[PDB]
Amino acid sequence: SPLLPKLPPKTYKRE
Amino acid sequence: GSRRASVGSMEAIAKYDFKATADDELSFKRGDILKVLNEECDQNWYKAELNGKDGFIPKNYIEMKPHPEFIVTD
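Protein chains in written order, with the authors' numbering: chain B, 1 to 15; chain A, -8 to 65.
Excised from the complex, chain B in its bound form:
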């Protein structure tokens, strides 16, 4: 989400 994280699987946003 931020930058160079553990490479998580995206899903939704915050809204």
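Check the hints yourself; a few may be wrong.
[Unchecked claim] Just a few of them, taken from the derived set where beta-carbon distance is under 10 Å, the chain A residues facing chain B:
hint, residue
1, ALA(-4)
2, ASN35
3, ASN51
4, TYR52
Worth flagging that the hints you see were computed from the coordinates, not collected in a lab.
Note that CB positions come from ideal geometry on N, CA and C, so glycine has one too.
Keeping the supplied structure of chain B fixed, place chain A upon it in accordance with the hints.
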């Protein structure tokens, strides 16, 4: 037409540092372009090889480049 004189693979610029974690992962540093031998596993990590090593690599720390012509620029 048709090309029958390639025999090799493409490359992919390693945008950052990283190392192999899984038993079949590949290691590399920031600027170590790897040789994409295939694209197995998820559609986000490629399969490549660094002058001898190889394995999956998260494309987030990489980019896909074509075949360059020689490295000597001078």
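Item to check | Hint check, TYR52(A) versus chain B [nearest Cβ-Cβ separation less than 10 Å] | outcome: Holds. Min distance 8 Å.
Checklist entry - With a cut-off of 10 Å, does the beta carbon of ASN35(A) approach a beta carbon of chain B closely enough for the hint to hold? => result Constraint on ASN35(A) satisfied, holds at 8 Å.
Checklist entry - Taking the closest Cβ pair, is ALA(-4)(A) under 10 Å from chain B? => result violated, 37 Å
Checklist entry - Would the stated hint for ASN51(A) survive a check requiring a Cβ distance to chain B of less than 10 Å? => result holds, 6 Å
Taken one by one, the earlier hints fail for this structure only at number 1.
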